[PDB]
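Below, in structure tokens: the form deposited without the partner chain, a single chain.
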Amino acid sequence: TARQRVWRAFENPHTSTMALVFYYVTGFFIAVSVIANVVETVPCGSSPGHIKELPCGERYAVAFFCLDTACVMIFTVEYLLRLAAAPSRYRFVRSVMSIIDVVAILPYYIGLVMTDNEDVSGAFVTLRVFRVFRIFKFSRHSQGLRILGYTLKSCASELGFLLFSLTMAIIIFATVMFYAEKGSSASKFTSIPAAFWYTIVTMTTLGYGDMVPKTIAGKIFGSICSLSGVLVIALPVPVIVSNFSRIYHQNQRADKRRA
């Protein structure tokens, strides 16, 4: 019953004080790792006798490696405790938070086994990006984030239809704008995939202005693109918001029902 006691401590943090302090230590370490990963890209001005600026993670690489390894050992000891001390380990491993934890953890050890070639980019930048998935470990700490996950899973069909309609609108308007605007001088509409960028920026009403139409047909079809993008995007948003509010309200009725 020790394993199920550990499981009820991990799943419910407000049952003991040991579980609560474990919970808050894990939250603090997640925040520290996230902040350190963000900070290490900031330049530390100019060093004494330095030609150019050097990021926090390069001027102090040893300290940042020590911080990252401390956070990663904390994360992996927590994960192994969750694994070896769960009732049904298949259910735990296939549970979403377990994949989140392993995606947070493994990049560090993959970087370790690739220590021979570290100056080379490519896989390096990929692991550096995948280190941000440790912010998804706050889902275990935020109820609203779990609500967001639940309502994203609930509206999978609506999200898929939104993606399909967006894809079709992007193809249509990119084709139209490329063919209307390929002939302009110094045109940025060098292909239909190039016009994908203009179409997606226009339909969302961003308007960066790095690609703007310069032809009368371009103006007309960009206007139609703006309006049609507004209408297409606004189709599943009400359903998504309805599901989000419904999930939140259902949880608040449940809270008042049991308390």
Second form
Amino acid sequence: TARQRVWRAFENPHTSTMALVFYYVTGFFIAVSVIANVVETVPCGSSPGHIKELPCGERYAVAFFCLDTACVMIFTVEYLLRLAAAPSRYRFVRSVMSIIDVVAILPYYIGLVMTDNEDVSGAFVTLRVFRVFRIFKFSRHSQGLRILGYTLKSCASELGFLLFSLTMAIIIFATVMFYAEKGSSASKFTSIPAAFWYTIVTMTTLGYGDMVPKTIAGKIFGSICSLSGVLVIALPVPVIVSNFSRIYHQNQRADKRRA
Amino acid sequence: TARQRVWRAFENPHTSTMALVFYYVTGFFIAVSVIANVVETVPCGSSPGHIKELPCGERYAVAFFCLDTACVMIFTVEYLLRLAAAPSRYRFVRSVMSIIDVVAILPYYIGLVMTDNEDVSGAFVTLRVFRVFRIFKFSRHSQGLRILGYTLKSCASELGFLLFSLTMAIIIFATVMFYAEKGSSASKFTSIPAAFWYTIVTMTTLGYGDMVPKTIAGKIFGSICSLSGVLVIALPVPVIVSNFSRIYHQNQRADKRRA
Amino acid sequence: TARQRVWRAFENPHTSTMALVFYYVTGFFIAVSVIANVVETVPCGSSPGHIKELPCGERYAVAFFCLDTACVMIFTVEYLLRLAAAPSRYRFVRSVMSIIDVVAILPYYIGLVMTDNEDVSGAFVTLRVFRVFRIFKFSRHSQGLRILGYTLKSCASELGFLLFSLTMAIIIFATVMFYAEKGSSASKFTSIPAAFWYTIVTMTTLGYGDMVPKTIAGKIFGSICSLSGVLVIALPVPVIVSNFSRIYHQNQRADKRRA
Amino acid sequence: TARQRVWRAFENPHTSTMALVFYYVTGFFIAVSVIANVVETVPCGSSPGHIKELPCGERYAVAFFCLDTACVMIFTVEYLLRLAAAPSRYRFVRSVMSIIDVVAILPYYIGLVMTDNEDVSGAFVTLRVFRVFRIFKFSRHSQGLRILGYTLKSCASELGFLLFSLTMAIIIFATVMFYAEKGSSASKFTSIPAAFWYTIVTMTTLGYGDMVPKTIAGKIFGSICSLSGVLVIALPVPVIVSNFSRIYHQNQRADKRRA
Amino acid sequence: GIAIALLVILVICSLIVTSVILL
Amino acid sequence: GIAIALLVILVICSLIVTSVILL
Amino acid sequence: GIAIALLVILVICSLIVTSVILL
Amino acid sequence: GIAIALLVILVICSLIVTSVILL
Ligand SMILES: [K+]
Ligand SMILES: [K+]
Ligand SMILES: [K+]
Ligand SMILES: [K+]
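The form solved in complex with the partner chain is what I want next, because the block you gave corresponds to the form deposited without the partner chain; please supply it.
Every chain and every other molecule in the complex is listed next, the one we just looked at coming first.
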């Protein structure tokens, strides 16, 4: 019956002292890993005799590797314990938290296997980027994060229509903008895919200004694009906000009922 | 009774196998046409001995013409079959889907008739732009798109007032901005219509920054313009969102009632 | 009893034929005046032997003056007839529509009195700007415009708090931004009032980019300023939208009750 | 019983004449102090023989010091009277209004103690910045300001989740943006913390344009960042607006009940 | 109602045009 | 339904390709 | 209430002005 | 619960530091 005891500790950290210390230790090392991954890219100043300033992760490669190894070992022991204490192991493995944990730990081991290709870009940059998904292990510590996941899953059809109608509007407005603006002098609107960038920046009302229309037709269709983007993006926002509040309120009804 | 059978197949694709294959074939070729129209503007690299990179549609004019011809022939046979199987043919022809289909197919035939003027701009660019409205044939495949059409028709008075009050605010603020900013050095505010562009960019909170006031009065009235634009644009958004949700919920009440 | 008949015609244009023709004539000349005031600032091309392109209003000063005179005479005869047929003349004169009409007609007569100072700026530009308030005479033709006036009057306390809290936030963030950014090289943040412009552009999420922070403290407080501005501006928007919808719905309840 | 009389006057300014005059005097000098603190940074023109224009606060250091001394003495006498007339003095001292008053008055006395370090930056700039929190003494004059404080306290958990999820999204998108954009020529994306600025400007839809992606991956992830920021920021806004309206309506129910 | 308003509008526009042509 | 549509799509795509290769 | 507050405000402003003029 | 977690955190941090110092 020790397996179910360990599982109960893992699922309910606040029931047991050992569960709670495990909870806090893992949360602390998630924060440590995230901060280290950010900090290792910061220029640490020019080293003695160095041509240029070196990133902290390059100047202290051993220290950052040791910190990464400690965090990854903690995450791996955590995941292996969760797998060991799972009632239905396959059901655990296919759960979203398990996918998050596996995505968090895999890049370290892949980078070990591909240490010869560490200098080679492409894969190195991909592993570096995938290291940032360890921040999703905070979903086990944040109830709001889990509620956000539940509401995104709940609003799947509205998000799908958001993607579809946004794609439609982007294509339409980029076509019109490209044909209105391609003849301008030194035009940034060099193709319809190039005009995708302008269209998405206009629809969200970012307005970077790196791409701007210069013709009258360009101005007219850019204005219409901004308004249409406002409408398209506003369509699913009330649904998402309402479902988030609904799930939060259901959680707090359950909490006050059982306590 | 074959006419009503074909019509029932066309209106309800999922009832029959032939209707469903026709549905999927037409949807696939709509997507193909849209993608090809986007891709033909992409620079395909400098051709052997070419001075500059050539757009894919110019380097492979025959291939893109063949793809366009296939898509347009499919759309035309589809439209002719729908016209043949329509109970009230004139009622079909005046429907919105029929107008969409006709707008989708006409530019191809007009461009055939005006093949001598294909090099000549103006009409060529207009036909190229009108080719992007084939994406509206997805309204036959997307229920959300039809619901969006229904809610835009439902909110016609609020959209009309949006256009009217937006025009009023644009004129007022462009007048004030032009008179506040016309005296600045190298002023972009060269007329009230020129200030229309600044005013619409400020009202939507785009803020490209290509036009910015330099005088104190300009700053004050630009700030007021941004806030007033926020108010004017926010007036019809709740109505549109509410009607979209209402129409979606009515559709899903009908769906659960009949099934 | 002719006075009350004329008043009833003026208040209800659709009851009588003469009232309706008066309504449409005045609306047409409001639109004509607004369009002419916009167009007279457009460069009309370089005149024969002219050094630079001349604005339409300068190239055709006689024509634009005649159009302005016709519109102003129509507006003045309209206003005098309304004053003559008013039951309580003083109550009419102090009404908002009367103030709009007087503001619409006065600049013409003042410009006649100050024809010697027409070349002199300051007053000339002020009269030119005040001519754009003739567009507010459309409130007699637009029910949505009157409803917007009613809801702005209804939400007076919330708009007052919007102004007050916006002023407070602008002052606070401009102070912080100025002290964070004044030491930068070629800093645009040359005083707290100079930082007002940055703060208002950031709070509304315009983001022109003409003023941007360069220091870390500047970035932090600019981010906080953008979020705080979003909150402050969002506070009264639901109230205004709700009251607009409420007044519209009450109007349509009254319309369906009496008809 | 004079202590409770003075306290009742202070808590309810409108009950007594002396309380009301004290109320208006303090409000006037709050406004005076705020305006003076803004104005002292404005360049007052080049002084006779001066190399450059001098800020008003430097050209008239004695006058501004006297105005500051008068305002601070009024605030200090006010605070000391409130402390004297408080029923539970310690409960008063720990209240939010008392903290605001102490933060308002302390920088003056600290600057007196550190008059030798007035030329020295760092502390001088900090005291100058802390002088702007005297504007929070208007919370005693504005009911909307107190209601805003109550709703911010009421929505503490939602604001905490806003901060947490905003931090998470900023870190994720800045990591992705930095790795997508670090290889660009003259890239502003020199580290993940450098990309924090781009990410926060994109998420709020400011779009300054000082940092913009140049690679395709950069454009894609910038677009996704803008949409995700819209969602994250929109999550708590309805809650805050609803609680503000609820607290206002409860206040007006109480006001109409007792009067 | 529309027709009479249009007639009056045309008359007034013609008078404006003749005034412009005169001056 | 999906399989027959996919078969027809492949047939039509092959015909387009052969038309392109011919011209 | 307003009048007495205004009177006190003017008195204090005059005292500030005299202090400035003295220094 | 907090105290034991903090103790474990300090132990693991010390082990990381010693590993870094060794290499
Ligand atoms: K912008
Ligand atoms: K910008
Ligand atoms: K924006
Ligand atoms: K913007």
